[PDB]
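Missing here: one protein chain of the complex. Every other protein chain is in place.
Just so it is clear, A, B and C label the chains in written order, and each chain counts residues from 1 on its own.
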Amino acid sequence: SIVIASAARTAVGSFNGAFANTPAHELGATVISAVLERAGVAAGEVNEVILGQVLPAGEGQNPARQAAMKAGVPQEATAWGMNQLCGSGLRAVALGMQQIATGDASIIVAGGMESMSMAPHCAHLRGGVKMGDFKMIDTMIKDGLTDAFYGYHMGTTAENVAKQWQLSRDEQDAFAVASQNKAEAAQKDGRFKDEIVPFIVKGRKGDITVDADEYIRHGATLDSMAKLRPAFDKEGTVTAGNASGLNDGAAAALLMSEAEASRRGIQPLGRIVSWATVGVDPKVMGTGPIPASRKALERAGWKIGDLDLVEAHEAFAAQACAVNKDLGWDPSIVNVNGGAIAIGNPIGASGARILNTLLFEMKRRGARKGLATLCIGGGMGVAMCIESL
Amino acid sequence: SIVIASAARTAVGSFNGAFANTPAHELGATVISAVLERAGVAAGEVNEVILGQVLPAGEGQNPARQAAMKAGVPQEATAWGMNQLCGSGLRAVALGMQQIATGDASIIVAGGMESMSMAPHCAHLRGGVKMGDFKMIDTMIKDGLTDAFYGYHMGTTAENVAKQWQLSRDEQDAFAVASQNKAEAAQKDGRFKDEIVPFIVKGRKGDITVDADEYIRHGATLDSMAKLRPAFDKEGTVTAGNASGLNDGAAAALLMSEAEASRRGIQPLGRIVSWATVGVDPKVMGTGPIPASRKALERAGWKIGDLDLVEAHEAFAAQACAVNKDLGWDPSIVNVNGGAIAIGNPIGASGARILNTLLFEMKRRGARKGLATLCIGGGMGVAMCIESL
Amino acid sequence: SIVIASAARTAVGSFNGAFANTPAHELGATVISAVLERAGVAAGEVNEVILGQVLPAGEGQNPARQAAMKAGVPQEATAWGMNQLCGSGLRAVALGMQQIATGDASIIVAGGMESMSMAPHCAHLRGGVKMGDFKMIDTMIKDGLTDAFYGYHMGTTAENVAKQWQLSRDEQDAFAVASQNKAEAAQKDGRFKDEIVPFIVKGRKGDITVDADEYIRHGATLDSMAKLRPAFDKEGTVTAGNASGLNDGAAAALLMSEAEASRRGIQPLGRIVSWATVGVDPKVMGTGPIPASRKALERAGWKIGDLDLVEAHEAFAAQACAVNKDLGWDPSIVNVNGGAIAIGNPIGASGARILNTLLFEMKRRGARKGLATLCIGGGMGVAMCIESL
Partner (left out) sequence: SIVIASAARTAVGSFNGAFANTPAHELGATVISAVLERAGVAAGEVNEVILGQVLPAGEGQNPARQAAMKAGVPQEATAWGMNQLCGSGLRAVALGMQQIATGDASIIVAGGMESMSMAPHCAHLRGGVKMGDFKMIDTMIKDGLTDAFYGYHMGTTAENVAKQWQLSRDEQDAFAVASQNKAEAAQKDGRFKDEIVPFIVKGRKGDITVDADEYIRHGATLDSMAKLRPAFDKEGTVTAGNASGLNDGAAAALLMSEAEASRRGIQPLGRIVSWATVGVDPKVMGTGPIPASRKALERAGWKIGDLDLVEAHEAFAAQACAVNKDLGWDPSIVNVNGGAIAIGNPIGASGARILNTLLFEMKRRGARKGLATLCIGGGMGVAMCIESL
């Protein structure tokens, strides 16, 4: 029953880059109107905005409610954000279908948004420290990148699956360069032009327009790639090269009944045939998507070889390949235009982000079956099946 | 169709009182373990833990997840947090209901959690602070009570309702007195012994058992009530003891299909018949419960008559009164055992907390159709109709 | 030549005690007036104020000046601070002495002030930390109690002397209790009333007048002292019981020439016949007083044995004995009224605080030759010889 009317994301910006001082709900707003106008639908009629956000400290009350009211959504709608780490971005889009598919609502916007750049450092000083140094905790490292279960960064969870699947530094770096090259090819030709909405960086030295993914490294050689030190495990494997950095962006989708889109002349971007989510051992968290995807395909009714296009989050090359190897889809059909390693993440958005890449790329090549999938810190994964109407 | 087999709520703590130094997820697990034990269900068979949480600042990746693990819920079940302010904790239950109702999960735990105590101060300190003074922001006040739509603390959006509803200082006081009598009474007669589930505050020179709501004051006399000068408006009428204060508390209810509960020989508290969330003019946020209720009642097919028991978020004297004056339910069945004023508030779990009381009162007095409803910052209501078997 | 006409000091306050919210220049100011009053010189005849202060962060431009002004010193006069750690309050009396000596001033008020309670926490936030955690530093510990060369605490340099001069846990505790008991006594016999000037802690609910050193323990048992665990070297011998506290307080002297004193018919507290400062190995910093006092005595022309009364700074019991055995004066003329371990240790003021004790017990019993000496972090010591007139 449930279709994706419209789809949009901002361009993804570098850490402390273009959007360094741009608040998440602001990037949220932009994309909220974007999917409004591209479905041809008026915020007047939006029932609820569901935004995944991971790092919300300091942005004031309920940043879902701000991004919506800003982008025109009237007061009679409702707004709530949510968090599943990387999954947030896509799971919102699942959550949103469950609203229409239960009679509980007619029309929803969903996705996520994220300013890793605007994340505050923090301290609980209600008691007041009478004597001693204290740590100013960086919520982006803490709430965003740090396993609450072992003590190490995500980067180690990668190393445990590296050693597990025995993914060598030569192969891992090979994966990286591919994703840089792919995404740089994809960029030059306007293969991202469709889904992107420009964002207007309100300024004072003038206004400056952003409609390019500033994280893709042009010319990225297998050698520049091989001159790196392992960013975590000092003779482990994971480097900056073959691992996503820290970024900002948003991405959303307007959902409605197949019967409703029909009434309005809207030519949907797809229809959500199924979604799933599963949990695993936090030490090896990147193995989320394997169980996650296959749950989806049981619910969707498809077999793995039915898939025309995959967009599987390359959080870290190591786990990216772990998903690829084990599942065994046609590798040349995953991240055709590039993975996270090259475009970045912005966590809270990373899933609606790749949903955008997926969808517009289905639309443009007559692919009919696709699936977005991502891994999760804590040890989980999410998946979604999209079949084009 | 879907029922609530069990529930449990921690006793609600005072601000920087009994749970002063306690991480909400650790209150979380306690409530989770509880709903299981009582109802007879084993950790493994839980699919997912959906938890409301407004001030997760600094706590670590997916705190819902951290609660989950700590209560025994296996590495496979999923967990996520979400936010719609005070309405998070009831709304989380509806989102639990929808997991069952669509084809996605057998057994969900839904609730909410909140440690107003551990809430940090913070500043954005990435691009450095070149030169000048800067502010450390209180995230409890920033992200919890400061509607980032006008400038001021919730307290005067309460004033904004009194103003039109002319609710004189003596009626605002007389509300509190009543609630504080009704609540303290309830407890004395033992009525919170059912809902609550003891928690352990793990001190150094000994452990501490908490299962008494420390916020409840005694001998609630109109006399003391009427001398607190206007807290929020320097020429106002909503005061600290007639606006719900800052509190710590977790609370939750276990969910499964009605057939599943019987298959499991588990004596449900009641059945989730309908729910509702609606928007209203943000300035006058307190009125959420007015439009939400109708819808819920309408969806349930009940007119107010059929309600034998009700709970409405006593956020303020200013907003709770108008609500009963508008909808026109009979007061004699609303917050019988007490409301936010006397019990406490605690954002992320308030809605879940009032879930518990309603259900446990329903059992031990013979109401068949209870309803709960809440106001939300930014202009929102959330509503649920409950039928017992 | 140059002589001390009058003196005063405040009570010494405990850490976050009677002066917790009382800025140091406020304490210094009372002292300035006192020494003015007590001599019969008018605030307007003061040429310059010299005040050692070690923790001045947060306080404002030249707090020395602030005190001078609040005490009523004309703005035609000058005021500056200096920092030689513990020796500050006494070097200051010497620099003051130099002013008059060379004939570039006539009437100096000199001493020191400190508020260890009022120290702030800080961090250099201009460049900003792009990501990861930074510490908020205690300026008190950092700038006030810690050697930057070998990087350990000022407490550790006590373990050095402890190990090196072979002082038992017992005999250090003995010293501590001796110091307690002596002070305690001198308090009850009223021997501090003369040196001490009251201070009015202004209060929202009422003034409080502080007139007694509140750090001194009454009936302190050896048992109490002997059960504390070693405060720095967890495998050591120094503790919080035989180590001076963290204290607030000020103290000062009014200097002029001997000739000028006579014109005014002032009966001075004694004559500065010499001073000195030396350096020693930073690791055992407590040792300063050895060659300092040597230097000072030789400059004066005095055989150690000619001393009638001595004050030596008890940084820790460890250096205090070390200073004693090595120099060898009869310990029955040393710290006749207790020492820093009992009375307190307001860093900047300490060197003036002992000078006061010395000056007042000197006169009270009519001693001809006296010596004050302190030990200093970054391996130094300062000593001045006073003779009565």
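By our rule, contacts are C-beta pairs under 8 Å (C-beta built on N, C-alpha and C of every residue); 3 or more make two chains touch, one makes a residue touch a chain.
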- Item | For the chain not depicted, the shown chains it touches | A, B, C
- Query: Of the listed residues C:40, C:60, C:132 or C:301, which contacts the missing chain in the full complex?
  - Reply: C:60
- Query: Of C:10, C:22, C:117 or C:356, which sits in contact with the chain we cannot see?
  - Reply: C:117
- Query: Among A:74, A:127 or A:301, which one is in touch with the chain left out?
  - Reply: A:127
- Task: Specify the residue from the set B:25, B:65, B:91 or B:121 that touches the hidden chain.
- Result: B:121
- Message: Take the complete complex as the reference. Which residues in chain C touch the chain that isn't displayed?
- Response: 16, 20-21, 48, 56-66, 69, 74-85, 91, 95, 98-99, 101-102, 104, 117-127, 136-137, 139, 142-149, 275-282, 377-380
- Taking the full complex into account, what residues of chain B touch the chain not shown? 16, 121, 123, 129-138, 140-142, 246
- Touch list for chain A against the chain that is not drawn: 125-131
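FYI, only the chains that are shown with their structure count from here on.
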- Chain whose Cα centroid lies nearest the overall Cα centroid: B
- Query: In whole angstrom, how far does the Cα centroid of chain B sit from the Cα centroid of chain C?
  - Reply: 57
- Query: What is the distance in Å between the mean C-alpha positions of chain A and chain B?
  - Reply: 31
- Query: Going by the touch rule set out above, which residues of chain A reach two or more other chains?
  - Reply: 16, 121, 123, 136-137
